[PDB]
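Using the sequences and the accompanying hints, generate a full structural model.
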Amino acid sequence: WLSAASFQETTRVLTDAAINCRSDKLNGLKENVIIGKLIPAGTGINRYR
Amino acid sequence: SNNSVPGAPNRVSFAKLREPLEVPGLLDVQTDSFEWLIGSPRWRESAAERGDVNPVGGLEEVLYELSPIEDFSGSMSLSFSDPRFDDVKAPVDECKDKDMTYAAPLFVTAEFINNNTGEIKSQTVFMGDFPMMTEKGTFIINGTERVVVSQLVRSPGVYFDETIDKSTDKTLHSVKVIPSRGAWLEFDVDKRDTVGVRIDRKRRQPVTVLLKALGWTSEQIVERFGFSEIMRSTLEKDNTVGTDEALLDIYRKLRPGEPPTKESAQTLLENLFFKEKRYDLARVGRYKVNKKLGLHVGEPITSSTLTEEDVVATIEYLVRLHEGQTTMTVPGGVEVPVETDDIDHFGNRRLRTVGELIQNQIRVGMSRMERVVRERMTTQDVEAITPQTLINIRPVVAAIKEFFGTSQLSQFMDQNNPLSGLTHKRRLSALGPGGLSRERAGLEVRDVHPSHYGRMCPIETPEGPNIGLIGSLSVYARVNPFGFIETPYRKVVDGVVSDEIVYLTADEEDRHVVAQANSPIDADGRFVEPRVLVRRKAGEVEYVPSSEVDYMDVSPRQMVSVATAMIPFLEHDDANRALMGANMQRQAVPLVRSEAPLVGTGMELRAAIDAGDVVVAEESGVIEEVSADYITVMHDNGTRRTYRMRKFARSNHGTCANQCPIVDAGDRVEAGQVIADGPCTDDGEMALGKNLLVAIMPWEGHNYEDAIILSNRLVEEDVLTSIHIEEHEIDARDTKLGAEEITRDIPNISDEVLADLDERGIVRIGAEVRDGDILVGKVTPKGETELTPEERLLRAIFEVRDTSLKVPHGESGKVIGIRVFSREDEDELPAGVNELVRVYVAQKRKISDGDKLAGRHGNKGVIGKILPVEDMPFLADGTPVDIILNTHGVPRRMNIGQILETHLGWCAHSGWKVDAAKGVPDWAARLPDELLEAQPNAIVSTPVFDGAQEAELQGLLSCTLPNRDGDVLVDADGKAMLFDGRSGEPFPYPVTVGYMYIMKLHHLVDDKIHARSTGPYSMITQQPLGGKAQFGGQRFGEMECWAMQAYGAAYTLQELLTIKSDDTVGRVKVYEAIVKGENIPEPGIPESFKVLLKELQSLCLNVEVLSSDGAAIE
Amino acid sequence: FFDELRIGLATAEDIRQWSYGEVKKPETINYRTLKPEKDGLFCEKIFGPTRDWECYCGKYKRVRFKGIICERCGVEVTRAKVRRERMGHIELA
Amino acid sequence: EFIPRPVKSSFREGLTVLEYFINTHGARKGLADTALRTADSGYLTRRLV
Amino acid sequence: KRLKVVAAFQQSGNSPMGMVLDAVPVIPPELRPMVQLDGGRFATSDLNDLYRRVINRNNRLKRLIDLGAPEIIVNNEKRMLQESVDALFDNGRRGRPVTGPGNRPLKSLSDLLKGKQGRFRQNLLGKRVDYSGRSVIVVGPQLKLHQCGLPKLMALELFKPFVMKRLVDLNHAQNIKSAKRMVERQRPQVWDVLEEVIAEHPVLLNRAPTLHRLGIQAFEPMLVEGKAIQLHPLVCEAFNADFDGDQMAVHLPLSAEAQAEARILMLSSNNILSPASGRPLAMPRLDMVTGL
Amino acid sequence: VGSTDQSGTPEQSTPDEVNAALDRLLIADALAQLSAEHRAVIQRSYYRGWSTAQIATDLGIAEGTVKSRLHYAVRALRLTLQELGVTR
DNA sequence: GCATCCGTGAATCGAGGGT
DNA sequence: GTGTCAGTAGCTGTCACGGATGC
RNA sequence: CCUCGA
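If you're matching them up, the sequences are chains A, B, C, D, E and F in order. For the record, in the first sequence the residue sitting at position 35 is 1254 according to the entry's author numbering, with numbers rising by one throughout. Per the entry's author numbering: the second sequence = residues 28 to 825, 831 to 1146. For the record, in the third sequence the residue sitting at position 75 is 80 according to the entry's author numbering, with numbers rising by one throughout. For the record, in the fourth sequence the residue sitting at position 21 is 850 according to the entry's author numbering, with numbers rising by one throughout. For the record, in the fifth sequence the residue sitting at position 22 is 315 according to the entry's author numbering, with numbers rising by one throughout. For the record, in the sixth sequence the residue sitting at position 62 is 151 according to the entry's author numbering, with numbers rising by one throughout.
Simulated from the structure, these hints should not be mistaken for laboratory data. Don't take every hint at face value.
The calculated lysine-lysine pairs, modelled on DSS-like cross-linking and capped at a C-alpha distance of 30 Å, are [what the hints assert, rightly or not]:
hint	chain 1	residue 1	chain 2	residue 2
1	C	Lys29	B	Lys1126
2	F	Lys156	C	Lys40
3	B	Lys43	B	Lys564
4	E	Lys409	B	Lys1060
From the structure, some residues in chain E lie toward chain C, with a derived Cβ separation under 8 Å [claimed, not checked]:
hint	residue
5	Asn307
6	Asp315
7	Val319
8	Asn341
9	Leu354
10	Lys355
11	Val490
12	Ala492
Note that beta-carbon positions come from the ideal geometry of N, C-alpha and C, so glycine has one too.
This is the structure:
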């Protein structure tokens, strides 16, 4: 829901997120970029990291 | 000869068409508008000879609409008349210095009429400080020159629209009756073949509801609109019937929530559209309606209001248009065509200038006072009331201050060079209040309209997001008292060109047909060819018999702007590069010394003189005493006028406005002659650049795609050196723990940095200051409870802090002026300030690697390398070239003007001599006799769309003058043999060589260079600041983060978004880790993300971070 | 390293569990003393001290009083960083 | 639609007064829609991203 | 579609009562700051007005309830409290927006996150960074493909802490504190010292718009006089960068991993081919092809 | 008068901690060259902000003992800083 | 059951100046 | 403490598109 | 938000 709320229709996405009580698995490029984690790609994947 | 009127240098033109009318005052748009507003004697005499009957100044029109002021009863009355001005409060230049407003006190004559006592007291009431317009058409608000820009607005009147439905695919139609003020009224035909009307944006009522409210029976309605089935179906589908029934239906939809009285709705439905209080079509709004409907076409414009007759004839005009009718006569009216309007046509698109734009702000201020007056009348006694007691001028002065202070039309004046300033005063802006929003401007408002011919230039327009929304007034164009733009035309009687000139509006021009300016004309006036290029209604261009031409264009350059008319060989440059050519001339930088261009257009004289940055003699006389400081002129009658030169003045954009006298002591000077010229001026002509010896060749890749290589001669001889001045400012305030004091005594500062300061802490005049040096030493006392523990220990182990004025990064020059303002010394500072110091620093900027140069044809480029004078490819006689332009970036852009300009430029530099023996050659038969011979460094004119033809240019190259040794260096093709200064071998092939006028643009690396290690951070987001002036960093945007992810540089991306940005502890540990030599620590959590969570919470959303086990972590 | 980011509807009990106090008065600050008004939108008892370790009434202005709830003004004494994280609330009638 | 009347002149020959004006209709709309054609392009790009 | 909403409240275990609020939270003050103007007057955030207008109406409701005001005033007041709270969360969502001074719609909490100026796109997907710069670009034919030229004054500020460290090591400065005053005053010792610092320390060049990944490439900086960046003529195609006033930004990788990512992944010599088509980009393109 | 959301109002900024971080690094170096007694007294007077009697109560030493240790430890730090060229 | 009307979206970075 | 009429400015000169909202 | 530069 964090990768979707940052794309389009922010209020429309955050509403459905709170109704469904959605949990965001912080495992994605757009999501980790936001919080400051290493992106799971390139040198960030567990094989090279 | 070119421009033989004031006494200018003799510039010879390649002109084939004579100029019947000389260019008007290019600054008239600002002048006539303001003179009309205040009713100056010059404007009244202009309207007097114009034929006008009962003209009205701008103030008189607002005061007459206001007078008289009466309460509900009518026992008391107040009226205003005769507005007059006292002398100006402070001169123009003094206002810029002391940060005040240029204004003149406004007096009116008011009197109180008492109906219950039959006695009146009349007196003079001071209304308010009235902002005055400078002679240059500018205002001065708080010490800053501003320019009120003319606004393109939708003209008042009745307009019809033909829209196409999306789903039903049927042709719909709509009508708008746009008043100059009041409520709006739009009729429409929906997809059900019924007619309605929306009153002031409100709900769409059936069109018959309005007729029933006016007292029209349902039978008489069927009598008028019976010929259409869509109107018969409207009265049938109607809900309520009855005159007193639909009248209440309108009231509850217009003013909901109120008890509906038969006379409370009868009052406003008459006042909103037929009483002059809350509705008014200006004298132009009435006239525009009287033609579209074809009624009152003979009545003098006296009715400033809408009538029921107009509404009925309007609905008749609409319903016929819907069902294919093409002709209609109003009952008792002339025949009129039935069509839809453009709203982009310059006959329906109106231009309101400074006077009108100001009048509305005075009108709002007066109306706000009028309501206070009526309340103060019924409160005070009816015998001790005077005009002084009834008048509260507070909302008036706050209305003109609100406008000039905050308005999209009060714009910071462009003051790079005089041409940039002149164009700004002639701008036509579509944006603003009452116009449209930038998000509300389709691809149709922006493109060129056929009615712009001779009125608005189709070239000069920004290429950014404001393209098409901002235009420049055409050269010969003018504005009528109605607001439309008039342009002159030559009346053709019977196939004969006449010197009679008449100005036509947009719609007036369409009712005739006009010939193109460059039509072949007999010496008597008869056209040579039967068929001539003719512009027709609806923007139709076609040939037509000579016996059909009614008018014709005044001059070829009639359609272009002032800057565009300054592009030589303009007819050979595409609009794209021409747009940049004209837009970049306004970006020219005033050079130390100015050279007039060899190849000109003729506009350079009037553009410079009408700009107002030169010094022209008002009356003829002789020069009694002339100095670099001032010029004194002794007239013939005996009076003396002394003109003071503006020396090393800071422009709005940092350029140097410096005037220099031209005439000498004891020089006879005629009236209107230039006695001193300022920046970008030479003997009265705009000198926006320098004449440079150009070679068109690639050179070792340093000029690769649009880069420029320059000779160091331009550095050694200050050919392209420019002066720039920055203003630095600081103030001494009262703080919570005392007061900041400006002192030379600064804690923990050596005596070596403070060596250039006087005893006050101010830098002394003449000192050279680098960046970081102290200019004004100010210390502010800091409390003890604000000290770091280390700062307190460092204070214990060894109360004011340093707030000195230092030189910002990247600034450097000589301190030329200081201005000090002290509250102790009567200086009026804002409350809480005790002293204010402004330091002026001047820098002499030589041309540097990366500075942006450009020509007049959109040929731009930065400086890629400045070779020494010996490395440059030099001509046969040893003279090295000055600038090398890559050839590849020439034939793509379609800017051949530089090629024709380069050739003519050389012929001007060398001179020519046409073989006169054995007759005049066949190519120069059309050339004036003044061009058959030319001395070196001759000045020439290539008028736009006239001027030198390629045939005549070819002939001049054949008869170019030889040099001092007797050798002809360039060939008839225009190319010449150059020698490589680096190797010595001559270049294998001949190269195009000539002289081109190059301007130094205001995009210099000295200003645009920037770098940042650390610096300020925004308090909320904790991210680095932005902009060079704030010492900010660059923005790694969204697309740039995609690039790191695309590379897979994950760690670099985290580094960018964490330790290098908003990691509060991570960025510091990086700074520590660098000076220690340790490794870079691990990035933390961005403080900006912490803010995001706290913002989602503020919306009643419970966001939580869970660990791998499931426990929420704080 | 934290795995999941959970979002949900905030119960009225959560809204009160976050808030360090209710915003009763509508005032903002004083326009002479620059002191935020008590129980206002900037109440120091609720959101936090304007300056570090400085209370409203002025009794505790030193670092030695770390964690002391002032009795005369009710302001805690931590860094002004908490004015970036302590939430308030309005109890609706 | 194409104008039933062409631009006969070449830039070497020299456009007529009306020729330059009639050229600007397409030239300005050439710049106008180019800004719009880049806006829809960049928006499509971020949806694809 | 109704089941899509109802089943969400069923499984998750949260009550639908949360959609109706009994208390509204107050955002911390630093996120709604009130700033002072140089004229003595004050400028505040719109949220303070929005929060303030809700409090006024909420306090009025407590008066009306205590005073036993007519049911028409209590009910007609609660609506205003509903409309006021509706504006605090998303002003303008229903009806006409709450106008401020000048008929300007006030920003709401939900306006803080929408569009390009919202928190997500403006302050989360892209921050603005330290250790960065920008200047005019100029072609440098003599440069090798892996080289770029940055001005001396740009490199000095970018490597300021690195210069301070070495100035204090070589004993040009007594302490690291005075090493800073030396760089800020631009003492002549730094220009010889700066070369040791920037030695083989790659930098990143970026030209907006960054359309594809070849819009950013890594280079070895070369100290040049003047104030313009010197760019290799072969990378102009990737950047789509002509030289008529174009500007490029420079970013200094700090961490060891960041330098390795620039040296290997982003170096201009390792990115000759277009990732879209496989055909070369750093090839003779304009004047160069004509010469050949 | 003003709204921060409204344009034309400058955003608040906070300077960087470079000067503070460098001083902290030099103070941490001069502190390490002190005796455990002197270091544990300056860190209780300037870093913890206690009174003279409060440090005397904690360390179990006399009142004048804390005054004397502080008096020397400050001069000891001034010795180390002036030896490294720290500006007065 | 369907036409209407509501809400969502509309490229990137950069300079300087006013209130 | 308040007490005869006592009544916004501004504005529509964006548009494609989908689906809940509503007759 | 006014003007402007790729």
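Tested hints:
Between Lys29(C) and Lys1126(B) the alpha-carbon distance is near 21 Å, which keeps this suggested pair within the 30 Å criterion. Distance hint between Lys156(F) and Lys40(C) is unfulfilled; the C-alpha atoms sit about 38 Å from each other, more than 30 Å. Between the alpha carbons of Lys43(B) and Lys564(B) the distance comes to roughly 28 Å, so the proposed pair stays at or under 30 Å and holds. This hinted pair checks out: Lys409(E) and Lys1060(B) have alpha carbons roughly 22 Å apart, not beyond 30 Å.
The interface hint given for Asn307(E) holds, since its Cβ lies 5 Å from the closest Cβ of chain C, which is under the 8 Å cut-off. Evaluation of the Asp315(E) hint against chain C yields a held restraint, the C-beta minimum of about 4 Å falling below 8 Å. The closest approach between the C-beta of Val319(E) and any C-beta of chain C is roughly 3 Å, which is under the 8 Å cut-off, so the hint is satisfied. Hint status for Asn341(E): holds, given a least beta-carbon distance of 6 Å to chain C, under 8 Å.
A least Cβ separation of about 4 Å between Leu354(E) and chain C falls short of the 8 Å threshold, and the interface hint therefore holds. For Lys355(E), the suggested interface contact is upheld, since its CB lies about 5 Å from the closest CB of chain C, less than 8 Å. The criterion of a C-beta within 8 Å of any C-beta in chain C is not met by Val490(E), whose closest approach is roughly 34 Å, and the hint is violated. Nearest Cβ of chain C to the Cβ of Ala492(E): about 36 Å, over the 8 Å cut. The hint is violated.
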